[PDB]
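Visitor: Let the sequences and hints guide you as you build the complete structure.
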Amino acid sequence: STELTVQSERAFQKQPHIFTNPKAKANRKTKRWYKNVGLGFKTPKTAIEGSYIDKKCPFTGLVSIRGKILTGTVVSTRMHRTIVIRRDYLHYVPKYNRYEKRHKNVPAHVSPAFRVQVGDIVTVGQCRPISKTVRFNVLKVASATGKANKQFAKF
Amino acid sequence: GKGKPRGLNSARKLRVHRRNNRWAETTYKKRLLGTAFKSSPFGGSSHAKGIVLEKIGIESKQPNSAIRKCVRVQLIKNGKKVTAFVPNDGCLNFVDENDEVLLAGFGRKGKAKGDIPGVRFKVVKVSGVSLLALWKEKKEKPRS
Amino acid sequence: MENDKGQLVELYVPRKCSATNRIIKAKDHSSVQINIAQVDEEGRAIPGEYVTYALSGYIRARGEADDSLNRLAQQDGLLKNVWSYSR
Amino acid sequence: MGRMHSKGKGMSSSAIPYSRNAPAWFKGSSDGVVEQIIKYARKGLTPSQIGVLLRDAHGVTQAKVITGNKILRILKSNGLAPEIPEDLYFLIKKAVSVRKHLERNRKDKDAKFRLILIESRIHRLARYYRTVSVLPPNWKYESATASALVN
Amino acid sequence: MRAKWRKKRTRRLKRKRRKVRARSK
Amino acid sequence: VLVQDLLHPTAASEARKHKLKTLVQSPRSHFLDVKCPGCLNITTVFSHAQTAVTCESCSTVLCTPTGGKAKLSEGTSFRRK
Amino acid sequence: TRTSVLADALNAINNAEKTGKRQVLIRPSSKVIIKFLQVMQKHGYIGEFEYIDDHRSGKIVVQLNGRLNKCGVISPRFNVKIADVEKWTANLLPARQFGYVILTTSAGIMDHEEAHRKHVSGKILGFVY
RNA sequence: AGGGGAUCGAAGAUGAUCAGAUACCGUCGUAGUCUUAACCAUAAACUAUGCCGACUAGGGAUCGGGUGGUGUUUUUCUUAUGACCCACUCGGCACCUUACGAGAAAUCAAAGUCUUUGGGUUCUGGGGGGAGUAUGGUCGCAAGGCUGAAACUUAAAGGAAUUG
RNA sequence: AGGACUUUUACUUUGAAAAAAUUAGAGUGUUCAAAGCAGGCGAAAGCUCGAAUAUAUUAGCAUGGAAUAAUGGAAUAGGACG
RNA sequence: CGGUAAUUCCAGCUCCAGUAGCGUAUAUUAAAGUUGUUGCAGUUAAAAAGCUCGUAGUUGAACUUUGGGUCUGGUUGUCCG
RNA sequence: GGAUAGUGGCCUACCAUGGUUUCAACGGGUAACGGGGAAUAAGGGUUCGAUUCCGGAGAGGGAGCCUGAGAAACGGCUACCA
Ligand SMILES: [Mg+2]
Ligand SMILES: [Mg+2]
Ligand SMILES: [Mg+2]
Ligand SMILES: [Mg+2]
Ligand SMILES: [Mg+2]
Ligand SMILES: [Mg+2]
Ligand SMILES: [Mg+2]
Ligand SMILES: [Mg+2]
Ligand SMILES: [Mg+2]
Ligand SMILES: [Mg+2]
Ligand SMILES: [Mg+2]
Ligand SMILES: [Mg+2]
Ligand SMILES: [Mg+2]
Ligand SMILES: [Mg+2]
Ligand SMILES: [Mg+2]
Ligand SMILES: [Mg+2]
Ligand SMILES: [Mg+2]
Ligand SMILES: [Mg+2]
Ligand SMILES: [Mg+2]
Ligand SMILES: [Mg+2]
Ligand SMILES: [Mg+2]
Ligand SMILES: [Mg+2]
Ligand SMILES: [Mg+2]
Ligand SMILES: [Mg+2]
Ligand SMILES: [Mg+2]
Ligand SMILES: [Mg+2]
Ligand SMILES: [Mg+2]
Ligand SMILES: [Mg+2]
Ligand SMILES: [Mg+2]
Ligand SMILES: [Mg+2]
Ligand SMILES: [Mg+2]
Ligand SMILES: [Mg+2]
Ligand SMILES: [Zn+2]
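Chains A, B, C, D, E, F and G are the protein sequences, given in the same order.
Count the first sequence with the numbering used here and you get residues 1 to 155, in order.
Count the second sequence with the numbering used here and you get residues 1 to 144, in order.
Count the third sequence with the numbering used here and you get residues 1 to 87, in order.
Count the fourth sequence with the numbering used here and you get residues 1 to 151, in order.
Count the fifth sequence with the numbering used here and you get residues 1 to 25, in order.
Count the sixth sequence with the numbering used here and you get residues 1 to 81, in order.
Count the seventh sequence with the numbering used here and you get residues 1 to 129, in order.
Among the hints, a few may not be true.
Said to hold, decoys possible - DSSO-like, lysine-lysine: derived pairs with alpha carbons at most 27 angstroms apart: (1) F:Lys-17 x D:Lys-70; (2) D:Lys-39 x D:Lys-64; (3) A:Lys-95 x B:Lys-13; (4) D:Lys-7 x F:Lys-35.
No lab work stands behind these hints: they were computed from the structure.
Guide: Here's what the structure looks like:
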């Protein structure tokens with residue numbers, strides 16, 4: 001779901017205020033800026049040497065992670081640059097001393113550094129309001145597959 | 001064991017089952033539908049004034065032979081017309097035609113009481129004064 | 001049963017079925033108390049000395065009174081191998 | 001005594017003997033038994049018939065007692081396990097047979113109901129084998145495609 | 001009365017009302 | 001009945017009850033060593049066999065499938081295992 | 001389908017006690033049944049039971065002495081806060097001087113008095129008295 | 001709709017019974033009954049007892065299967081079957097006795113293991129009538145099916161059993 | 001106090017938090033009480049104890065436990081260590 | 001209850017209940033185990049879909065360290081200082 | 001990119017076709033302001049909470065705005081409707 005071109009749209013895609021000097025003769029790829037969101041969260045190497053831009057990247061973009069940390073399961077990865085996470089829980093009705101299965105749908109914004117798909121459990125973190133509905137940035141794909149790590153069977 | 005589920009995660013169906021069964025009662029159905037406001041002569045009202053249209057007496061049932069002295073009153077709050085009961089012995093003459101009368105409930109939850117058919121309201125006050133004060137000659141009708 | 005001073009306050013400790021350890025009601029008008037006479041060396045029933053078994057009304061009504069008495073008498077050395085603990 | 005799809009309450013079964021180890025009187029070799037199992041499978045036999053043959057013609061009480069592995073497990077170690085598990089395959093065989101009988105005579109409604117029952121059982125077993133990833137997650141039973149798997 | 005015949009009379013009333021509505025539908 | 005051993009019931013009662021219903025459930029079946037008059041090979045067969053078992057040397061059946069246990073052939077001699 | 005095995009065990013105990021017997025044969029014999037009967041032994045409501053290995057979930061033979069009068073499971077193992085223990089004891093036990101709400105804590109399966117002594121509470125298993 | 005078309009028989013035709021009798025008794029008698037396609041989805045569709053699971057009490061029988069008999073007739077010389085006889089077991093429609101359990105009882109071996117109240121789970125009821133009516137959906141060619149109140153009225157309606 | 005890996009829960013104990021008024025409840029002769037948060041004691045020459053506590057049963061945070069209930073490992077070894 | 005002896009209507013007498021309060025009307029709570037999670041009923045009283053399959057929901061067999069010995073800390077009832 | 005004090009489909013331009021839902025979304029009703037709380041009381045609960053405290057909203061219904069740090073103010077203005 002990611003275009004091969006590093007910028008595909010009409011506007012140029014740059015990380016704002018990080019400048020690579022062409023008059024200099026180092027001729028490295030670029031000057032890519034990055035940061036670690038803390039909380040003992042490892043910045044992915046795909047972000048460390050990646051070439052995407054993703055203004056709202058917790059690792060490369062301007063957005064900062066602070067506040068709630070929610071673990072959920074991916075229910076929809078098929079809307080661009082964003083994720084829809086199903087969070088399940090049990091509401092305790094006290095008149096019966098019984099619990100009640102319930103679910104909420106938390107939108108979030110998964111960076112291109114992560115490769116997500118329907119069913120991956122995901123650790124996500126709070127941030128600024130990014131869109132009308134997304135307020136969380138995907139911080140870790142704990143279960144990349146879960147039960148698809150071993151696929152074939154050749155004895 | 002029993003009809004209801006018992007699992008620790010069955011709060012939802014227990015609650016909705018109780019919520020669907022609650023409509024079997026009459027008090028709950030009346031309270032939630034709010035039929036009192038829409039259909040009853042008074043909308044959740046203990047008392048209501050009205051104007052006497054005419055002056056009727058209604059026969060009793062089989063086991064009781066008499067004619068209970070009623071009065072047809074058109075309610076002023078909304079315009080409905082209901083029969084009402086003039087309670088005591090010599091109080092029929094006390095209430096004259098086309099005077100304001102304050103009807104009250106008949107004490108049987110809006111249902112006909114005793115042997116009087118098709119009546120559901122007493123008479124407590126007439127022309128601003130109470131019937132009980134007139135019946136013991138403590139006060140007199142203003143006659144306005 | 002026991003007052004804090006240590007004095008008994010119960011009206012009476014009830015008997016218990018010698019076969020099922022269940023207590024015997026005051027008005028349990030089916031229960032029985034069997035007496036089996038002690039026997040000396042020459043087969044003379046020694047008088048006033050015996051062994052008592054209180055069978056409840058419940059087992060009697062059920063139909064297991066004789067079997068329970070068989071086992072209970074075999075345990076206390078009255079009958080020889082009349083009852084086998086393994087059916 | 002459940003009989004998932006009928007009113008039956010039977011309990012006709014087999015009682016596995018208490019001793020897990022090999023019977024004292026058995027003289028055959030575990031390697032020979034595994035070779036026999038492999039040869040029977042190469043003949044084109046499902047594990048159940050293999051167990052039946054080893055129990056009748058030979059002293060094999062059961063493979064797990066003698067070898068330590070199960071018959072399907074032994075076949076899978078050698079890569080002879082069928083792509084479709086045997087019980088599900090037999091269910092599809094029965095379903096296609098009943099569908100053939102139906103399309104050759106329409107008015108039989110009892111066999112129509114029995115086909116419904118068999119298809120329900122097929123769906124249940126397919127769901128199980130799909131949640132254990134024995135079958136691919138895209139695997140499904142369809143009336144038109146069942147014949148190809150059976151044939 | 002039997003519930004059967006009360007039901008049948010209700011059905012006949014529905015007959016009349018249905019034909020009336022059909023004539024005026 | 002009121003007092004009774006279940007850990008050690010009489011072996012007669014053990015053979016009395018159904019399989020799957022003993023203290024420990026054990027099969028009532030057994031294996032047999034059969035000799036066919038043809039050759040001297042000893043074949044191990046099952047009491048409740050389900051197939052027309054034959055000796056590998058000669059195409060002669062030694063058992064016959066039956067609703068219950070195997071019905072042996074006429075002249076084959078067996079010993080219980 | 002056998003859902004709550006402890007329910008079957010305690011029901012068998014109750015049936016074999018009301019009829020006055022001195023033994024029960026419980027078939028499935030899980031951990032929880034063993035711990036339940038061990039608590040009952042510790043408090044005396046039961047006699048001398050026995051585990052019979054089957055290689056097949058095992059079984060249990062229970063010896064009684066008529067001292068018990070009723071077992072019983074609270075089939076939905078309700079989360080019981082330490083405040084609600086007294087509520088369950090009042091609702092289940094016949095008197096405050098005896099009876100025991102057998103409940104499962106993080107420190108094992110214990111009678112309610114022992115759990116109150118450890119000042120720990122968990123889910124409720126059943127009741128004996 | 002197409003095929004058949006014997007019997008029996010809604011409607012109808014009459015002959016009787018009666019005060020009336022287009023009801024019961026009788027004689028004819030279309031539609032229907034019988035079918036191939038397409039609809040219908042309701043019955044006192046009843047065991048008026050939801051399904052799965054465990055335990056609790058004695059007695060015989062009966063159906064299907066399986067085990068054993070030093071069993072009996074069978075006859076094919078003996079045997080193998082089969083058919084019985086005895087014992088046991090699994091499963092099924094059932095049945096008798098009893099309360100030591102349950103019920104308001106009639107009664108139930110489940111309608112037991114329920115104030116000593118919790119094995120899992122689905123559907124339904126909250127006095128009677130109005131009423132399974134109206135309306136609104138939805139299915140049906142139609143018949144009608146599914147869903148389905150209120151206004152109002154009423155002190156009872158109802159269950160089992162006892163004596164007359 | 002730093003890199004390092006953290007199976008994930010449900011559950012439960014303890015604590016921080018859940019504004020005051022209200023409820024509970026301690027002290028206190030408003031003449032008793034409803035109340036109120038007052039008051040008490042000196043020789044009469046200023047000396048004083050107060051304005052206590054608990055609960056809220058959900059959501060969040062920390063914490064000890066690991067029975068009960070659920071999920072995950074190593075089956076093509078692409079497994080664990082040196 | 002009242003149809004010629006009204007312990008029930010209208011009064012007089014006596015008495016009863018609460019008492020500066022008491023009576024009525026509607027609403028609501030306990031009674032209501034007549035909303036039943038604790039805690040209801042379904043053979044006949046109202047109530048088991050005609051039967052079966054089946055997604056969601058609810059629920060779901062047993063099994064993975066139990067023992068022991070010592071030392072040692074608080075809290076008890078101990079015998080007495 | 002514009003606007004915002006500032007994030008934000010908050011608005012615009014160009015793209016993608018997406019988001020919620022039998023765990024009841026959406027719609028309808030509320031003689032519904034939410035809560036702290038009140039009545040009731042074996043335990044579980046049922047009903048009420050317009051009102052002495054905390055929040056929110058409103059000044060006849062609607063929109064629009066100047067001044068200021070703070071108003072879409074109404075015992076401030078502008079207009080329409082009544
Ligand atoms: Mg025709
Ligand atoms: Mg005629
Ligand atoms: Mg005639
Ligand atoms: Mg005729
Ligand atoms: Mg004829
Ligand atoms: Mg019907
Ligand atoms: Mg029915
Ligand atoms: Mg009704
Ligand atoms: Mg009706
Ligand atoms: Mg309609
Ligand atoms: Mg009757
Ligand atoms: Mg507070
Ligand atoms: Mg107070
Ligand atoms: Mg008189
Ligand atoms: Mg009821
Ligand atoms: Mg009836
Ligand atoms: Mg009925
Ligand atoms: Mg039914
Ligand atoms: Mg499902
Ligand atoms: Mg389990
Ligand atoms: Mg409110
Ligand atoms: Mg309002
Ligand atoms: Mg308020
Ligand atoms: Mg208002
Ligand atoms: Mg305010
Ligand atoms: Mg304002
Ligand atoms: Mg005004
Ligand atoms: Mg200023
Ligand atoms: Mg304004
Ligand atoms: Mg003003
Ligand atoms: Mg102002
Ligand atoms: Mg101004
Ligand atoms: Zn040979």
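Visitor: Each hint needs a verdict: does it hold in this structure or not?
Guide: Outcome of the hint check:
1. For the hint pairing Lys-17 (chain F) with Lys-70 (chain D), the CA-to-CA distance comes to about 31 angstroms; that exceeds 27 angstroms, so the pair is violated.
2. For the given pair, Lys-39 (chain D) sits about 18 angstroms from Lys-64 (chain D) by alpha-carbon distance, which is consistent with the 27 angstroms threshold.
3. Restraint check for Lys-95 (chain A) and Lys-13 (chain B): satisfied, since their Cα atoms lie roughly 13 angstroms apart, inside the 27 angstroms limit.
4. Between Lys-7 (chain D) and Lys-35 (chain F) the alpha-carbon distance is near 45 angstroms, which puts this suggested pair outside the 27 angstroms criterion.
Checked against the numbered hints above, the structure violates hints 1 and 4; every other hint is satisfied.
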